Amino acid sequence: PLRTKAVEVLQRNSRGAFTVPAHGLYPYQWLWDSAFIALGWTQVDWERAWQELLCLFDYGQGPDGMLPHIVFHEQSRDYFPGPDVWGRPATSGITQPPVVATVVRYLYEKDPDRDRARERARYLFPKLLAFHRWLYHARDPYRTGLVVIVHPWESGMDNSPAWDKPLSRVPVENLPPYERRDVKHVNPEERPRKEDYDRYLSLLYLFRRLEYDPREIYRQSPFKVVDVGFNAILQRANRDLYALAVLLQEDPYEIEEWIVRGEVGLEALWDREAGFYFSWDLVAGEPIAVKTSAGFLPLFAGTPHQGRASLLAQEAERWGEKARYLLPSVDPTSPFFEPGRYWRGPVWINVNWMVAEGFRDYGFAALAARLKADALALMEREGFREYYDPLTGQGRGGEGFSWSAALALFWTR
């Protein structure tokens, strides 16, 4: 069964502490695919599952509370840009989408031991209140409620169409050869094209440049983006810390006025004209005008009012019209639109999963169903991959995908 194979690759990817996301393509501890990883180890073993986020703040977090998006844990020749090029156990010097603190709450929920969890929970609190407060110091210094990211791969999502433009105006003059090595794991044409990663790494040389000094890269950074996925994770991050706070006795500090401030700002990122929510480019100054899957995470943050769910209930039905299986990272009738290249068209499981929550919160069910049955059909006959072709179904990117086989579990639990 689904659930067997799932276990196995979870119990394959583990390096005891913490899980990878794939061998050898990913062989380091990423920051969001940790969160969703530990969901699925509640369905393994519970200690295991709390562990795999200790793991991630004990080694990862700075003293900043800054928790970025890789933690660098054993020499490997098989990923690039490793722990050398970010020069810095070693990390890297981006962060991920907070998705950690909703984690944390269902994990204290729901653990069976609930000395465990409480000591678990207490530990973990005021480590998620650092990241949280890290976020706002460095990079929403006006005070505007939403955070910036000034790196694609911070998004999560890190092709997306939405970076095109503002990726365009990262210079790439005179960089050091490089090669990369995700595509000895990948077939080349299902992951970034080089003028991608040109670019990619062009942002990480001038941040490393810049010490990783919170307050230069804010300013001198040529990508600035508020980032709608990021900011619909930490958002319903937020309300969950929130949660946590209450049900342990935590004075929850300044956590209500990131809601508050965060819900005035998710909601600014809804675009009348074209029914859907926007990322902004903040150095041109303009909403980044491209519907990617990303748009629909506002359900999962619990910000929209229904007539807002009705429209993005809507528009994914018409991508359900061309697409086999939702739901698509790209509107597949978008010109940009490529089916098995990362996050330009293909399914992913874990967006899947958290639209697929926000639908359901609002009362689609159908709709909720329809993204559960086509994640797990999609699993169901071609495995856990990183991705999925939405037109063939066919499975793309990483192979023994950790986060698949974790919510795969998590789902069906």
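Positions refer to the first chain, counted from 1. In this text, the rigid core denotes the largest set of C-alpha atoms whose superposition between the two forms falls within 1.5 Å. What changes on going to the form deposited in another entry:
Of the residues 387, 26, 50, 36, just one CA atom moves 2 angstroms or more between the two forms under rigid-core superposition; it belongs to 26. Once both forms are fitted on their core, the CA shift for residue 314 between the two forms remains under 2 Å. After superposition on the rigid core, displacement of the C-alpha of residue 333 between the two forms stays below 2 Å. Core-superposed comparison between the two forms: the Cα of residue 76 travels 2 Å or more.
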Given for the second form:
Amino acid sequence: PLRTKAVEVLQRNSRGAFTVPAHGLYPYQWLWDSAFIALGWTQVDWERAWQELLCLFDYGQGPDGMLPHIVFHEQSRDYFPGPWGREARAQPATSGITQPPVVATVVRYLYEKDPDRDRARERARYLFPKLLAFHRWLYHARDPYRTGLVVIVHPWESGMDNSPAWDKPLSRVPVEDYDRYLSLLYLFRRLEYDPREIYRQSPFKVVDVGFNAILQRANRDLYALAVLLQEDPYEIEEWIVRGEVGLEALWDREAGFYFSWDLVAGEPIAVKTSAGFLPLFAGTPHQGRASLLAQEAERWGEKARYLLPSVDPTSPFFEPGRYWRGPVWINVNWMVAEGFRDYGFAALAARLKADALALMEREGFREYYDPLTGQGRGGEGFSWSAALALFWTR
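Requested next: the structure of the form deposited in another entry (the form deposited in one PDB entry having been shown above).
Partners and other molecules omitted; one chain follows.
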């Protein structure tokens, strides 16, 4: 059954203190995957859940606070030995781009719910300044004008690599898509990874509604952690107040949806994707706006057997089997269901959960699912699917 088999997936993908995202992969750790995965481990071993994230920060984070989307461990890792600072160690290679910052929301959960309160305090106090340094890096590097919104400089940073929202922005990248993904990374290295220059010169510069909604939720949860731990919340309050203005600005009244914005073109990207629901998870809309989203989600359910497709099924870009261009994803079902529940849309949240769980019962733990047939696609033994099966049924 679901939970036992989900544990088996997590154990098979474990490399000591981190979990690979899927069967077959090299021993590398991914940023947002590890955050969702840690939620899974809470249903198995609380220390192991904490260790997932200690490992991400301990081996991943730079002196400027940046958290990379991949840590290239190339080996298994032991648990954090504690204050670490008194022996020499190896620092692995990492990527030079980031991913959606759901981590603070996870750490708040682990802190609040760990039945071992001494451990909870020790781990949260250790992680708190590291989280704070990561949010700080995001704002300082990616919102240097203090707009309240951060930019992504590479489509991979959205976590939604080939979202049809990125098609037009990607098309302007001078050197079919892989060539443009690689050209961006070549530009960043050519610019010595200088945040000021790359923000100035990147030919891809997008305010991603997903990344921002996730960051705003995380800001709220980081604030709560700061108050509970009696840490100073000064910087976090600023991000919250600006971010509330920023995220709501992305609502397009004529479309009745939230859009990502293309700052190179200076235009909203008029493509409705599952990311546009994520401000519900941030908690920024008013109820009328949430109700218009609920109506939209139900309309998508008129054309797809399983919610929530990654793009509007009536979009000319909708393709039922192609990664972020139509298929259902377990992590996004979970965030969006959480958001709908928060706004009182209990039946719609329940449907999102029931569809996620049915897909995993039928097909096992896969990366994404065809919304028309329910066919499992992509990676096998896909860790965040397994982890969220465990968490959602706790």
